[PDB]
Amino acid sequence: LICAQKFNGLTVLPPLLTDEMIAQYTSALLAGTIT
Amino acid sequence: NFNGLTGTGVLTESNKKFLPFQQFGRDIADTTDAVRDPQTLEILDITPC
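Same order as they appear, the protein sequences are chains A and B. Here full-length UniProt numbering is used: position 12 in the first sequence is 860, and no number is missing along the way. Here full-length UniProt numbering is used: position 6 in the second sequence is 547, and no number is missing along the way.
There could be a bad hint or two in this list.
Ranges of calculated distance between the beta carbons of each label pair, as one might list FRET restraints [said to hold, decoys possible]: (1) A/853 to B/558: 16 to 26 Å; (2) A/877 to B/590: 39 to 49 Å; (3) B/542 to A/858: 21 to 31 Å; (4) A/867 to B/544: 49 to 59 Å.
Computed list of chain B residues with no C-beta within reach of chain A, every gap over 12 Å [as the list claims (entries may be wrong)]: (5) 542; (6) 544; (7) 545; (8) 546; (9) 554; (10) 558; (11) 562; (12) 563.
Note that these hints are calculated values from the structure, not bench results. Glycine is no exception: its CB is placed at the ideal position from the N, C-alpha and C atoms.
Excised from the complex, chain B in its bound form:
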């Protein structure tokens, strides 16, 4: 029930050097793969079942 994702995954961590003011990741198929963390500002990593 996040800030605009409402996803369902096994999100662990993102080790990529993401740009500061960028929250929602995308790919070649226009699929969300990143979440801005409201507290630690740590980007997560969407991954399905």
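Bound-form chain A, shown alone:
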């Protein structure tokens, strides 16, 4: 309820990098370090 209450001017911005891209980066590092 509080998360929907913050209409006094306080917001939260979304990160530029989505988790599905961090997962891709981690997979690339794992493949490189295992191959």
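Go by the hints and put chain B onto chain A.
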């Protein structure tokens, strides 16, 4: 220009089972969210723009 609110919203309706002798709603941030209706005694619901 109500009976102690003087708010500004899009008040539609309140479907909550509000207690009889209680008029002004509040929340965790101490914000008014309810109005006693002078005629039908129907509680409204403050909501900003």
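Could you work out which of the previously given hints the structure breaks and list their numbers from low to high? none
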